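Next comes just one chain, in C-alpha cells: the form deposited in one PDB entry.
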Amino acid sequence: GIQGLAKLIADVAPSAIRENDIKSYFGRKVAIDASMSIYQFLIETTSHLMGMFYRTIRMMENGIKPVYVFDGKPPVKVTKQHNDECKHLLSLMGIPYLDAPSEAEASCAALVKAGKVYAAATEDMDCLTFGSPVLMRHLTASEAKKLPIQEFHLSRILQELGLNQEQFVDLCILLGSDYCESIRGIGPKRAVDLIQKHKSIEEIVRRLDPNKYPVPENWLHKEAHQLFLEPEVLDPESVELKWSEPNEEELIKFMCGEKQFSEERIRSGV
C-alpha cells in the first residue's frame, strides 16, 4: 500500500478522481485484485464465497466483464483453500481468472497498460505506483456502505503534479510504501515539492541536512524503485479473456450441497 496517497491525490490533484455509479461501467472489462477482495470478504467461514458470488453477480448485472487476478509468490490470512474455493466458484460461474506470478495489483496494472481491460479494481494504491492508467476503488464494497466507485486516472495525477512515472515512484517511496523505508520528518506535501524540484531520491539525499533529515540505513529505495517500474507481471499477450454460461446445477452442488448456502438464494443469483 502507499501511505496517504489517496488523501494526497484528493487534496492536490482532485481532477484525477471521479466518483461514479456502478451503472456507468456498462460494457467495460475490469481486472479485479482477487487477493485483496477475498481478504476484504474475510474481514470454517464461507464469507469469501458469499462475497465473490454476490459482488460478481453485481458486476455482471451492470454489464461489467470482470477477470479475477490472484497473487503468486511475493517478491486475517488468505489461505490456499480460500483461493482454491474461490477459483472453483469462478469457474462454475463462467468468470475468467488469472494467476499472477507475484503481486496481483501489479498484474492488474499490466492488463490495463496493455489495453486488455479498461481498469484495475482494488483498494490498494500500489496499483497506481505499478503504473495502472486507471484504478477503480470500492467496486466490491458491501451494499451496506452504498459507496460510489472511486476512479483514479494516473495520467491526470502525473499531469497535475508535473511528473513522469519514474518521479511518481520516487514520490510514493517518500510517502511510505511496503517495499522499503521512507525518510522521517518529510511529510506528503514536502515530498511532492522535493520530487518536483530534484526529480529523484538520489538528488534529494545529496542535499538533505544529515542533522535534520538522515536517511534510513541499508535503504532499499533503488530496489523498491526497480520493482515498481519493472514488476514481475503476467504476460498480457498470453491472455484471451472469455466469459461463459454459469453452470447452475454444479453451482448448487458446490455452494449448497458442499458449502450449505440457501438453494433459492443461489438459484436466483444464477
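Positions refer to the first chain, counted from 1. Between two forms, the rigid core is the largest collection of C-alphas that superpose within 1.5 Å. First, how it differs from the form deposited in another entry.
For the residue set 180, 90, 141, 174, core-aligned C-alpha shifts between these two forms reach 2 angstroms or more at a single site, 141. Taking the rigid core as fixed, one finds a CA shift for residue 22 of 2 Å or more between these two forms.
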Second form
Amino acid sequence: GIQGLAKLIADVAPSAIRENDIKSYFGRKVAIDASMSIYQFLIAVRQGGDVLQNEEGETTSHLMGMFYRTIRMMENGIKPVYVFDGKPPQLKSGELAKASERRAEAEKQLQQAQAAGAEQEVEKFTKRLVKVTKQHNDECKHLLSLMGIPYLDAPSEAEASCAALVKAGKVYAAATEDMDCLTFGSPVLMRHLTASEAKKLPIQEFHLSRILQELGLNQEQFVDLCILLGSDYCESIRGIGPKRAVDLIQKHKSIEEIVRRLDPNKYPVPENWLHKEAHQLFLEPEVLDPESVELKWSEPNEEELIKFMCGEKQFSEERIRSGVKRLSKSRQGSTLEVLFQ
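Would you mind giving the form deposited in another entry, to go alongside the form deposited in one PDB entry above?
One chain, no partners, no other molecules: that is all that follows.
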C-alpha cells in the first residue's frame, strides 16, 4: 500500500470520495484482488482460535468466505472478477526480505509461547504467521470455476492488472483496500464492498480524476507523491511526511527536481535510491491484456459444487444447495444469455 494516502485524500481531496447505496450497483462489474480477500478470511474466519476445516485437517475458511461473499455480491447484482497475483517485480525483493524477518521472528516467538503453555500468546503469533499459499489460490480458482465466476491470473501484481481492467472499461472499479491501485492508474477504487447484511461501513468510491484535480497534479506527479509517502518498492525520505511531501511535489513537480533543491545536509536522500525505477513500475507495470479474455458469468455447476464443498470439504449440503440456488437465480436476473447473429 501507500502509507497514509487514504488519510491524505480524506483531508486534502475529500471531493474524490463518494458514497452510494448498495442498491445503485446492480449490473456493475468490479475487479477484486483475490489474494487479499483470501487473507481476510484466513485471519477472521476462526472458531476457537483455529480455522474451519474438514475432518482431513484441510482448511476451508477461504472457501467459506469466497463462496458466500461472492454469492451476496451477485444477489445485489454485483458481478466480480477475481485477479490473482503472479511473479512479484524485482523492486519488491528489497521489501520481501524484510517480511521474512518478521515471519522468522514471529516463528521464534511462536514456539516460545507454545513451550510456555500460553493461551492468548498462541493465538497472537498464529494469526501473525497466516499466509496465502498456492493451495489456497488453486482451491479458490477451482471453486470459482464451479460457481461460474470468472477469474484472471495477472503476470505480476494483481493490483496493477485490476487497474488496467478499469482503464480499459472492462470493469467499473477495483474493489480493494490497497490504495496503491490508484498509484497504478485505476480510475476508480471501491472500498467496503462486501455486501454484508451487517452494513457497518459505507461503500466508498475513490475517483482518481478528482484526486488529481484537488491536489493539482498529473499522474506522474501523483506517483512521485506516493513514493515520498512510502511504497512497497523503494525507500522514502526521512523527515518528509504527507504534509511536506505535498508541498514539495506541488512546488517542484518531480523527485529529480526535489533532490536538486533540497539541502543535502538537512534532508539527505536514501543511498542508491530507486525512486526512478519504482516510478517506472507504477506508471508502466506488467499487466494482463484486458482484450484477451472476455469476462463471462456462467451458470454454476450445482452437483459438482455439492461433491466438492460438501462431499469433500464437509459443508452443509442444505446450505450449499441453498447458496447455489440463490446464485443461479441472481445471475438470471443480472445477466443476459449469450446471443449469436
